[PDB]
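Shown here is one chain on its own, the form solved without protoporphyrin IX containing FE (HEM), set out as structure tokens.
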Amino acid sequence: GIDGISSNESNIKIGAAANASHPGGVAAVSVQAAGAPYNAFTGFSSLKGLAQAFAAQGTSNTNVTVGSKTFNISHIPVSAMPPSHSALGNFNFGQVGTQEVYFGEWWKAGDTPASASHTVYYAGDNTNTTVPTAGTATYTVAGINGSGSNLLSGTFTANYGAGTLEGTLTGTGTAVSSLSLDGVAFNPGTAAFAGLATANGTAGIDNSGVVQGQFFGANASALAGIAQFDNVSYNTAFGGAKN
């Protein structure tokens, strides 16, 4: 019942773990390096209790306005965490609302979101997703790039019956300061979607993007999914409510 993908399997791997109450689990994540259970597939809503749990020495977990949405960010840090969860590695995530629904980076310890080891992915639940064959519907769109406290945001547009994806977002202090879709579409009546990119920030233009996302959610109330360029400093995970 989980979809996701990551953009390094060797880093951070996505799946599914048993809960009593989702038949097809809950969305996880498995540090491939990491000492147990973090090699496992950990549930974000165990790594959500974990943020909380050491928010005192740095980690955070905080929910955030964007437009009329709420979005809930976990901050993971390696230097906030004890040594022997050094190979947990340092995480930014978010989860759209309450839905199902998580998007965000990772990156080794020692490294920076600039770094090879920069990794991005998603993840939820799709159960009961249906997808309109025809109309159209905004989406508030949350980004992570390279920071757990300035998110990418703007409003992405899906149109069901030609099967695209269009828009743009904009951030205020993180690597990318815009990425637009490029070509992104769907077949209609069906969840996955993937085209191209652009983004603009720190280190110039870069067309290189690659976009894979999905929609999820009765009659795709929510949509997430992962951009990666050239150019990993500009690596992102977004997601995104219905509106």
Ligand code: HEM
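Numbering follows the first chain given and starts at 1. If you superpose the two forms and keep the largest set of C-alpha atoms that fall within 1.5 Å, you have the rigid core. First, how it differs from the form solved in complex with protoporphyrin IX containing FE (HEM).
Checking 81, 151, 131, 73 for C-alpha shifts of 2 Å or more between these two forms, after the rigid core is superposed, gives a single hit: 81.
Core-superposed comparison between these two forms: the C-alpha position of residue 35 differs by no less than 2 Å. The Cα shift for residue 19 between these two forms, taken after rigid core superposition, is 2 angstroms or larger.
Show the form solved in complex with protoporphyrin IX containing FE (HEM), please, the one above being the form solved without protoporphyrin IX containing FE (HEM).
No partners, no molecules, just the chain.
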């Protein structure tokens, strides 16, 4: 019952957890850039535990408040993992509150988020998702773009009757300074949305963005998605909690 995707399946796939060395959780990520056994699907809640426990070795786990909503942010650098884990690279990912909804990024060991290996993804449990067919709701949304310390933040507006998702994420500490949805749409009553996006930031305006994501949870209590660009520095993952 896990849905989600990544911007580069050569590097990252999303699925259900199956990692015997780090068991636990359901929504999961696989580093396809790695060979077995290190391409196992590992639950995000398991990775969150590891990020909590290995803080003295360089991981971090932090609750970040945006408005009245909390996003739990995990940073896992390759330097904090055992030497055998070299191929696993670097992660930043967030959880939407206590919901089983995760969004994040990855890049190869020795790279930066500006490198070609920069990959963004999202994952969530769809078991009890329902999408309203009418009315409007807003979401407090956090975005990850090349940092586990500095987030993007904004408000998305879902018009469930029109099937539109609108809004902008902004922040001061990332390559992206602003990320606006453009024509992001969904069939009313269904969870999956897609559209375009524009970004501003350290490389200037970039109109090449494409967006995909979905609503999660009873009454669409959450959303998550990715925006990817010709400029991979601008690739962003996001997660939102319904206000």
